[PDB]
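Shown below, as structure tokens, is a lone chain in the form deposited without this ligand; questions about how it binds or moves come after it.
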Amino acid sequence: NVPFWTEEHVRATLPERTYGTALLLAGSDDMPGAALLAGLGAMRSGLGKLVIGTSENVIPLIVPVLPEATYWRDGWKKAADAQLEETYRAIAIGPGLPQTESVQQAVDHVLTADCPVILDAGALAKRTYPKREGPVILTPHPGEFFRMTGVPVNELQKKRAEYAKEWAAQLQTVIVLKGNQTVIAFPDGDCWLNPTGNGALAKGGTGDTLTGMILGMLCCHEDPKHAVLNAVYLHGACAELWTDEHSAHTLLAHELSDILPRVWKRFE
């Protein structure tokens, strides 16, 4: 069946430490937290610089915790009106964003850039993608996969790998289908199962940190496929480290980012 992306694979593909500038389009007035979670995840993951295109009111909520980030005021809204005039190593859009047509407009404009693009949360919708050199990485939860494909959650959960591989090929996008054993399906037919992680991840916010982690690693890995696989793996590994001395019921998403420094070290 589908092979696991093992510690062996992680150790052989992680980069040895410019590291690129990433753009994170995330966070809105009622879902501001996602921008901080994704921002922390991204900056913890090897990038050189991070520009956060978030709503004006969200900026002040990020600064005290992540003073290393800089901003593109109302970036995700502005992205809906015109193509980006700045060059980025990788872009992520969706965490904390509403499921609206305006967000989809921003997605269309972002896709014209020459770099890997991650779509998550609010940026995930039933649609098709334009031919481009950079990979498009979708990170849906089962419910969002249903929104994207029409495949019922109850049906999807019975054949996760098959459906993920099926749609990654049909859409020609990378698909990180989250769950107990996250499936990573690539457009070229490659597919893997993530072996790390536990129920501590089944709580709001962990997906936002993952999106940030993928964004950051896309900036330090020469191979985007390895960046995605290693991000999903390390994200789960942080949750496993947490449960050694803490109850899986008590993890807060932002703590995965606090743990990554030591976990990553182990794989070097």
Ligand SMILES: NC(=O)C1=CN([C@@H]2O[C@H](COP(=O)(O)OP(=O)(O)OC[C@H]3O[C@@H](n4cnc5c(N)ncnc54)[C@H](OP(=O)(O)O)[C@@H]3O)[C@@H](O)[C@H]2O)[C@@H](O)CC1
Second form
There are 4 protein chains.
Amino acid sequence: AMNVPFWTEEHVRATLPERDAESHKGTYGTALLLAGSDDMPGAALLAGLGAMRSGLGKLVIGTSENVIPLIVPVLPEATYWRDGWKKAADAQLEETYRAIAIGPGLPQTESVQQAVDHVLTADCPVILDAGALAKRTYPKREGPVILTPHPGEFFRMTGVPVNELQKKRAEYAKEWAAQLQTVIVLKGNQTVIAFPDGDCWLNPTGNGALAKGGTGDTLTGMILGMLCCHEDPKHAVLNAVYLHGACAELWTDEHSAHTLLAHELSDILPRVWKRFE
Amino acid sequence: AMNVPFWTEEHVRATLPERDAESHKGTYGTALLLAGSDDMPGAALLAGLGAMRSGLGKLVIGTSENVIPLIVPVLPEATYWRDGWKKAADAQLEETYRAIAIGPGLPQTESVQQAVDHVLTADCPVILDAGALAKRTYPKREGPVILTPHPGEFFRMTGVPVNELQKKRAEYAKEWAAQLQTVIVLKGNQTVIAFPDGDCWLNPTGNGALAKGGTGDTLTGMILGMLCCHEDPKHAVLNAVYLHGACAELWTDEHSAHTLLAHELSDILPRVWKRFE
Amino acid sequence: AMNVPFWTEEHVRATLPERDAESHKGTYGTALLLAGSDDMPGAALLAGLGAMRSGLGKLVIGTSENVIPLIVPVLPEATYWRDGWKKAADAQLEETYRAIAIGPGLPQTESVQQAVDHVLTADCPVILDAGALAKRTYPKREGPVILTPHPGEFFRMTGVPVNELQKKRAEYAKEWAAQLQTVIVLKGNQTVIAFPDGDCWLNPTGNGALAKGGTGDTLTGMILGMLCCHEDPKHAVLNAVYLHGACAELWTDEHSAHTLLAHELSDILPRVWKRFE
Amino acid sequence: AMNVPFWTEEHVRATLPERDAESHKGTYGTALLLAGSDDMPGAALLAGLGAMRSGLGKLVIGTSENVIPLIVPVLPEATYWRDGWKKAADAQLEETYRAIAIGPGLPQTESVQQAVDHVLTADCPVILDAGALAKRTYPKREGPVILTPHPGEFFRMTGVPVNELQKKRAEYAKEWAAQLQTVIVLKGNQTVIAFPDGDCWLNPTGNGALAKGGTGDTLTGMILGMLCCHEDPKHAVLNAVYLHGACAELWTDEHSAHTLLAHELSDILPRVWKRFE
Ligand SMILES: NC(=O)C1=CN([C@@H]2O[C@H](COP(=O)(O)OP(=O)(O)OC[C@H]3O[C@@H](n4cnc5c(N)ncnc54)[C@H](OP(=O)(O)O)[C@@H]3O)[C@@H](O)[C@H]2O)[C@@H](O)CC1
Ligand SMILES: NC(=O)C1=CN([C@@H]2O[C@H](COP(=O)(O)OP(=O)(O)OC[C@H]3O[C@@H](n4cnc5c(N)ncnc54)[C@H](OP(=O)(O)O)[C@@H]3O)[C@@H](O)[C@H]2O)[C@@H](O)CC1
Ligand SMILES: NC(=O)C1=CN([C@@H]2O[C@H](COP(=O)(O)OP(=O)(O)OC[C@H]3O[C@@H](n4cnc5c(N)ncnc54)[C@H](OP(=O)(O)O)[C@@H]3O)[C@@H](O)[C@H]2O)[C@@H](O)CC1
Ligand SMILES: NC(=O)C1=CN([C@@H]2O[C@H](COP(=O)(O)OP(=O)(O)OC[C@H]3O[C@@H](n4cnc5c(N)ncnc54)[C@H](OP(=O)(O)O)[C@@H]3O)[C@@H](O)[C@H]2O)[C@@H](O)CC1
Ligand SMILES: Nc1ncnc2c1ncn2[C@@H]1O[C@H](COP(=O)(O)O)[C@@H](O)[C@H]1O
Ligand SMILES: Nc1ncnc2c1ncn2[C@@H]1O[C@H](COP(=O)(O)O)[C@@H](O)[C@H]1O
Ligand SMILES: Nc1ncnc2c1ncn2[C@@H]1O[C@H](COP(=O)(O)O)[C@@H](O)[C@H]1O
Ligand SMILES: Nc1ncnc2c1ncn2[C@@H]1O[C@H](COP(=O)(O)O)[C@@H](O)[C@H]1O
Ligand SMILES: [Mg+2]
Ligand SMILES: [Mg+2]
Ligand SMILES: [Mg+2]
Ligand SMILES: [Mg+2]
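Alright, leaving the form deposited without this ligand aside, put up the form deposited with this ligand bound.
Entire complex below, previous chain first.
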């Protein structure tokens, strides 16, 4: 009804970054991922793989001691801030990060909110997902805050019931991005990407292969990595959401949509991203 | 002798579900898998991979603390109910599940039977396999109970000796499905799928590549996932057994039947299932 | 000089077993693998993968508690006898196995020899490798004993110096197979397979891709599995040694011989074995 | 400005070693890798995979107890010296190694320098990387010492600021290789390989796919393995640096340069190395 435009293949091709010959890992920054807990460890691996696949320089994973060993053999390229998401509840970060994500596989607790409050004093884009999403307001800061709710999480954030939300997705997402002054990636078929300056887009990619545990955890990681290699954080968010869906569409060419596992999205991204270069 | 019909490719094609564009993981439900023990941990990974490959929305694995870390790196998409199969012995489940499986890699003990008794008070289909199979009766409930014995397990359940059973497989399977009022998937070459309402089918797929440890553990998982995406639980059971065998037949096109490992069935299923769409 | 014949492709094709449609895992037996220690854990994974790829029904791995978790995610199809190689030092095995292997990654100790002495009271073929190879004699028993030394291990077994051995490999291997009344698989380019009844063969397959840690550990496993699916244990040994080498020759078609990792031999075997069917 | 020649495909083809039919693992030696720590475990897996892929006979990894289990499932072919990098601080090595590398994922501490001092009393090539790089001098010894700094590490070693270094890379690398009497592999686009006898080369391979955490850890391992199979250690260093870059160039043919993970370099090397045979 609002005629929200799609972020199309043409926009993706025009905005994906180069990886220059005269670059090193520092050029692409160090990201921090605060994710994973004892009974939801896998979300950290999923988001970590999404992040490292998505063009960052380095990744530090701040997770519980028991989660670390479960990541290493699959994603040996990441390093660790031991019990980092718990530690983040106690103090401002002393390390400089290019971008930070918090929430996948974290319990939805006040301690996690304390960690969010500390991370927001950093000068970098911050993504809040999953257990880091709550009903709250956000401090004025320079770097964007990017919230990635599915409709259930949006209800938790706003009190807008899911059945009402789903009738007017872009309208609600835009209204709340404006009110909160955050980016809102309202997930679902035709994901809405609403910016607090009023810009808004729909994502045209993806299918029901994505309707399975873990896929949003992977997405959070993809956004985190893309924030590190794109000059414009808006493009990073839009390209992450687009390519995430494009990976599922590649899968379904020769595989049943019932059968995708989220980590395979990260495995598919290398070839999919090349197509748009 | 009874002229039991085969569940054929035509029946599979006619009954496999769509994965709608306007779905999310909740559409396809959360399954519970109660499996894996200290000296048989791998059965939990095998059944978990089968389940998550088979069209569910989410999977919770209730297994021993020592088993959890062995699953995560391979199947990061699952979450955990820590010591869940032991905990299930103590109380009705407070969580709602779309379908539940219990038994792979569980010791054949009275505590496991206590867990079975608690899970059966849930209102969902329940699969009993392996260490959860015993000589017993089943309470009247709305959701189907699906037993998945091989002939040795059927002897344990019924007292019918294996050598006698194997001469009259469909007759025994039908008789006992009726007596117990459970589904019985009596495994073997030409697996019998006997329903307590008298319907019965033979499975036409599979080969001796399946004659190796773990393959029945994978099957239990495949049934669990298919119960979550099929409207008719009968079709879910029949399609799981069929596709499980079809995966082994794909394998043997270019690989020796002596050399299959059960987890590869789950890896093959994506492409095999696409063929029937 | 003795004109020892090669075990050729024709002999392999004539002797590889069928996997019948009317078989189950029990048809192909349960093997026991006694392997792996705290600072050499990987040998257990290598031999376990070789075994399960090679046509057995089930595999029990008797290894240290700390080794178990390192196997499971890669070879979830195996089950465990916790601290089994240590436990085997204390008593005859109460379980019936189709075939047993002992030694890969085990320290070369008197306790391991105690375990060997207990395993030899079983009525099945037994393979001794690596840390289970010592200077000793063997009791009269029905099942074959198969020793798998490289030339260094043969020196340890016999006192024949390596430089002397390597000039007259088949002569020494035959002499000592006769004296000990064991099979001896004397490894190296042109591996010698010497039977205690005087039969002897050379293996024509393999290349320097195999000249790297772990490949003999994989071989022990391959022999173990092949003993479970071949009616004639002689053929099992000969086909294992042949196919092990054939896997390296496949690898080198498109990969450098400097770059093979032993576990990949197990990954290649499915396609290689199909070629000989 | 100095007209430093490139180490070209022709030089690689002329100097890569054969893997003879009449070789065994001992022919290619046992390497020691001292790498990996609790919050940087993955560097040990990365360097270990690079090493074992690169033509050694055996690899011993001296790492922390907590790191060992994270390597085994992915690189089962390696064995361990438990807490070896810490133990190396206390005494000369009693074991003979073909080549030794120290530093990836090790904290940059005086204890690591103590380990370096002990390893240098061995008679073999030694590679120092990462946490083993410090401002120091080196004792006269027969085997080469190979330092592998990126420009930040070179600043730490020398006091030459990065912005100055990067204007005159070959000049500085040559000057300091001469002063220290070590090989210096000064990383970056157009890596400089400077020998203490005055020979110097530029590497023509690689791209921004390498500008991500872990890739230098992999390289250290590749050098370690190549030192074991090349007769001339100069060629080993030059071929490792060249092939490492060539692997990234293969990747980018069909994958985006933003998306490479370092361990995949090791996975690509088998096919890339074959191209130069
Ligand atoms: N492997 C791991 O470690 C995994 C970890 N994970 C972690 O689990 C944590 C909890 O996150 P979660 O999303 O699983 O559960 P939760 O917040 O209760 O939301 C469900 C509610 O939202 C609703 N709803 C959602 N989408 C909707 C739509 N399109 N349209 C309509 N309704 C929609 C849904 O509605 P329903 O289907 O019930 O109608 C239900 O009410 C979090 O930390 C996450 O990172 C998971 O990613 C799993 C894999
Ligand atoms: N990796 C893991 O964690 C693994 C875990 N697993 C777990 O192990 C547990 C025990 O289950 P299991 O099936 O291994 O042994 P068990 O119940 O003793 O049955 C064998 C008996 O049945 C018979 N029999 C079977 N089929 C037959 C047929 N077609 N036709 C005829 N006879 C037939 C067979 O006969 P036989 O060959 O002796 O004549 C023998 O008497 C269970 O929890 C399972 O999940 C396993 O899946 C292994 C991988
Ligand atoms: N990942 C793991 O867990 C791994 C574990 N492993 C475990 O390590 C344990 C020790 O076994 P191992 O074979 O590594 O050492 P060891 O018995 O000292 O033998 C070397 C001696 O033999 C000689 N020699 C050998 N072949 C020869 C030939 N063709 N021709 C001539 N000489 C020959 C060689 O001679 P050299 O080269 O010194 O002249 C040297 O003297 C064992 O339990 C094994 O399973 C390994 O498999 C590694 C991967
Ligand atoms: N998965 C794991 O276990 C991993 C483990 N690892 C381990 O981490 C440890 C620390 O090593 P590290 O290289 O990450 O950090 P560090 O020494 O602080 O160097 C950065 C400094 O150097 C500079 N700089 C570098 N290149 C440059 C260039 N071309 N041109 C210009 N400047 C350049 C850079 O400059 P900047 O970008 O800031 O301008 C910054 O100042 C080590 O043990 C390693 O093995 C890592 O490999 C990660 C994966
Ligand atoms: N049917 C669908 N079509 C397109 N995208 C979907 C579909 N189902 C799920 N997704 C995407 O999958 C992810 C689910 O996130 P979450 O529930 O946090 O795991 C989001 O990126 C969704 O937009
Ligand atoms: N020879 C065979 N032909 C067809 N299916 C088989 C064969 N051997 C085993 N299977 C199947 O493999 C599984 C074995 O289950 P289980 O013994 O519980 O692991 C069941 O699905 C069997 O029907
Ligand atoms: N150059 C080679 N040619 C053929 N086979 C080889 C070669 N080097 C090693 N092997 C085989 O690799 C294995 C090495 O065993 P081991 O030393 O116990 O790991 C044996 O099967 C050897 O016969
Ligand atoms: N843009 C680039 N072009 C070529 N090689 C690169 C590039 N960025 C990084 N590398 C290589 O990647 C490795 C980085 O090492 P390090 O920082 O120790 O992980 C070295 O081998 C670098 O020369
Ligand atoms: Mg989510
Ligand atoms: Mg079973
Ligand atoms: Mg050996
Ligand atoms: Mg480095």
